[PDB]
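Work out the full structure, taking the sequences as your base and the hints as a guide.
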Amino acid sequence: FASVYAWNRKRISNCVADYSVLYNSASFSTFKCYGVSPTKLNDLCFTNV
Amino acid sequence: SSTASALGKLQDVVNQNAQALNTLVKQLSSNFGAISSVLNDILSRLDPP
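For the record, the sequence lines run as chains C and A.
Just so you know, we're using the entry's author numbering here: the first sequence kicks off at 347 and counts up by one.
Just so you know, we're using the entry's author numbering here: the second sequence kicks off at 939 and counts up by one.
Calculated from the structure, these hints are not laboratory results.
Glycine residues also receive a C-beta, built at the ideal position from the N, C-alpha and C atoms.
Wrong hints could be hidden among the right ones.
Stated by the list, open to error - Derived Cβ-Cβ restraints for the label pairs, each shown as a range: (1) C:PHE377 <-> A:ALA956: 48 to 54 Å; (2) A:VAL951 <-> C:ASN388: 52 to 58 Å; (3) A:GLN949 <-> C:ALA363: 54 to 60 Å; (4) A:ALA958 <-> C:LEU390: 20 to 26 Å.
Here it is in structure tokens:
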């Protein structure tokens, strides 16, 4: 992982994302979303993540 | 028959009513400080609390 002043950036599109396997894992200390409730993440389709 | 501009009062009443309805239905497209102007997206995107 790069430095904070040189933060690593990535663009992802044209795929199917399963956030449930990200949500259930306890390896993350903080899992905090703002504009969306996490449990509904699998019910939406976006562009340019 | 010739001069079309003869019945002004009735037309004014009709125009006033139509404009009132138009602005009333147009007011539905405002955020009012919220995150979206459509309630279905808020229901289907975000946590109740």
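Verify the CB-CB distance for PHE377 of chain C and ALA956 of chain A against the hinted window 48 to 54 Å. holds, 52 Å
Could you see if the CB distance from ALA958 of chain A to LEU390 of chain C stays within 20 to 26 Å? violated, 38 Å
CB of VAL951 of chain A to CB of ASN388 of chain C, is that within 52 to 58 Å? holds, 54 Å
Confirm or reject the claim that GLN949 of chain A and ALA363 of chain C have a C-beta distance inside 54 to 60 Å. holds, 58 Å
Checked against the numbered hints given earlier, this structure breaks only hint 4.
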